[PDB]
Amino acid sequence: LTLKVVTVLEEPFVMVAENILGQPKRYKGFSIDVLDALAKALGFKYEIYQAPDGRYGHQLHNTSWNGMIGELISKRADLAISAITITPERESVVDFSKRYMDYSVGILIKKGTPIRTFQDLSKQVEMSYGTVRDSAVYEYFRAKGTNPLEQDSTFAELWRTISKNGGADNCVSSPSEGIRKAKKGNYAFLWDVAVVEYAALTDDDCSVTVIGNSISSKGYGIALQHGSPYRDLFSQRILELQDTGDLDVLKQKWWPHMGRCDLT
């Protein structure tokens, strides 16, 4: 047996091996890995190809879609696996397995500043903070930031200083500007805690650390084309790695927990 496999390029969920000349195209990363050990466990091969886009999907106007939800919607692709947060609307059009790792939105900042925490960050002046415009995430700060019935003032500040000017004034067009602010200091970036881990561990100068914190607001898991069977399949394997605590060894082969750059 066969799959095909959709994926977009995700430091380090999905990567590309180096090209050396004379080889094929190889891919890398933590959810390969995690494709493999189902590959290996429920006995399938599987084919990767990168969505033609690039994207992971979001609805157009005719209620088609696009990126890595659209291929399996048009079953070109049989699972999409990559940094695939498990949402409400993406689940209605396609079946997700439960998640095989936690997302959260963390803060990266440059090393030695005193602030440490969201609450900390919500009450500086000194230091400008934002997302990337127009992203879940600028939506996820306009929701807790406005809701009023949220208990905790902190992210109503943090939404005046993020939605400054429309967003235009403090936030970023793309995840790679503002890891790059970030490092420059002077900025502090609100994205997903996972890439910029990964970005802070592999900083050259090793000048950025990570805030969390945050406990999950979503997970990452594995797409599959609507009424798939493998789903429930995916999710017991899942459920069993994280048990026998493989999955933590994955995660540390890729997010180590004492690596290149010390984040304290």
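Between two forms, the rigid core is defined as the largest C-alpha subset superposing within 1.5 Å. Positions refer to the first chain, counted from 1. First, how it differs from the form deposited in another entry.
- When two forms of a protein are overlaid on their rigid core, residues whose CA moves 2 Å or more are considered shifted, and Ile20 is one of them between the two forms.
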Second form
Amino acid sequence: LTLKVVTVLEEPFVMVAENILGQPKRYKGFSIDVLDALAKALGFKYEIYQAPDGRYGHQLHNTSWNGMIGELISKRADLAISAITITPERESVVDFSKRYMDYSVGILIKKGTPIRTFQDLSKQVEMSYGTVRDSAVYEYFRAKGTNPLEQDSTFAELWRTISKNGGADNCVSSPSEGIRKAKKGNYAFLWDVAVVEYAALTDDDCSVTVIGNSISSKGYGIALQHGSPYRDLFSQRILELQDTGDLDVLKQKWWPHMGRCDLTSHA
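So that was the form deposited in one PDB entry. Now I'd like the form deposited in another entry, please.
Only one chain is given; partner chains and other molecules are left out.
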């Protein structure tokens, strides 16, 4: 039994591993290790391919999705794994396992500013900060920033800067560009805290740090086909790997704080 796995490159969840010339691509990372653990415990083989458009996928027309979600809908893949958050729109068309890691949004910024919280960022006048335009993060801040029911003004202030002039002034086209702009200075990039944490830990110049928050609204999941017979099985083993600590060990492996950049060097 061999399962067809679709993925998208994103450090440190899924990364290209060294392969000999003339031999097929290999992959490594936190999500690969989770997948391997499931394959060993459940006893299956798998083969990986990258989404032809490199996209997680969104809806274009009724039933028309691109990206990895589209690959599952058309049943070209049995499952998708990368850094995919569990959302209701995606769960209505495919079937997610229970989460194997929590997701939240963080801030990547150069070390040495007085900014230490999301509230501090929101108080900034004239400072450029933002996220990937037309992303889920963008839409999250839209919803929180236009809702009169928020207890703290923090979200309205952040959205005013992020969305300025339609999101064209302060947002970027990709996480790699956002990471690159934050390292150069005079910009703070809002994105997956796990993604920017790894970028900060491996920064050639150890020049950046990450601000997180207590607000975790979603989990990372494995996406399977609609009606897949394996979804509940994956959920059960994922709960077991969490409870034994195997997941925490893998997280420590791929987000190692010793031997890498000190994110708290300005304290």
